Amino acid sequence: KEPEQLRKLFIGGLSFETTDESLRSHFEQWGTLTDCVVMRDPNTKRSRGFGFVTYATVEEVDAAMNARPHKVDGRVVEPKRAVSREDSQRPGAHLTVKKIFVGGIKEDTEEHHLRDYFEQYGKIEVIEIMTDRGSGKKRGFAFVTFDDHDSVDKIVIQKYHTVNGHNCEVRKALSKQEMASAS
């Protein structure tokens, strides 16, 4: 049995009239829903326009994501890997991005090392191992861009990543300015 967090998808952009029932009826097409709910105001009971669906297995989750775009109650919605309440605190945790920051990679790390680990998550468009433009010294971090934002989401929700023999930290890439506003 895989962890609940990894078996759940956040469903954003829900139609004003989507319900626990209409949501379920749609996503059950890709698996056994162990949970399905529409978040709404506790006071007015008005829909907050988003919800979650949870499958019995991550394979069923992958099936659902491979079926995008998803239209529910006539509205195109936005299914996303569910980011934990804890991680939802980090800056840009909910951004739709196709690039990741990979920090703490050994000096002798080469592109093939990155591909050997990251290709399993999706089509890689660009790989950039950073160096100091002036000294030419390796800075110990890289950037990897994918063709699908879900590749990035599938990655950052995992805790560990082994590249060139050792663990490395992987986060959603924030722009120069986002990093600044994040400081």
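By rigid core we mean the largest C-alpha set that fits within 1.5 Å across both forms. Residue numbers count along the first chain shown, from 1. What changes on going to the form deposited in another entry:
- Picking from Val38, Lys123, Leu33, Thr96, the hinge for the rigid motion between these two forms turns out to be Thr96.
- Domain rotation between these two forms: smaller rigid part turned by 24 degrees relative to the larger, from C-alpha superpositions.
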Second form
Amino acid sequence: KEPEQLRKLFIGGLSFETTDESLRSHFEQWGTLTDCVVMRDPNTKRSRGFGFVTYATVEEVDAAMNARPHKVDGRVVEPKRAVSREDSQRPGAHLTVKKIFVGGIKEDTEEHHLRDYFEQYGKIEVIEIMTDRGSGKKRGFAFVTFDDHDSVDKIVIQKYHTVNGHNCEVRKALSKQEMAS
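Form deposited in one PDB entry done, so how does the form deposited in another entry look?
Only a single chain is listed, so you will not see partners or other molecules.
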């Protein structure tokens, strides 16, 4: 079975009226839920306004993310792939990032190769293949910007990426100068 963390969604912006039961009744449509919880204050039992849903497979998570927007108890909620307790103790662990750096593409990789691969993760806003300003030569890397942050979340959890017969280094990019760990 797939590690549980890769089969889990953080659900933000919940109505305080949402319970474990109403959250299960909503999300049951896209797959088998192995866990469903609304986080609450330990003394007042008042909702903290977020929870988590765990599915039986990674494909069930993808089905639920493909069904966004999710309206739960009269509010459009904000589902995101759940970051582990250990990984949440990193700066910007929960930032929504829409751009990636793709390195190791050499000089023979064209925009269509990057597009045919990466578009399967989601709609692409831009593909920028980097060239040296002096020589005009390909630098062997590209930046891909997506329409939706979940496309990047799916990408960065994969151990490997192969584009046009090259094994790539893929990272989140804060800009064309700064890329994440």
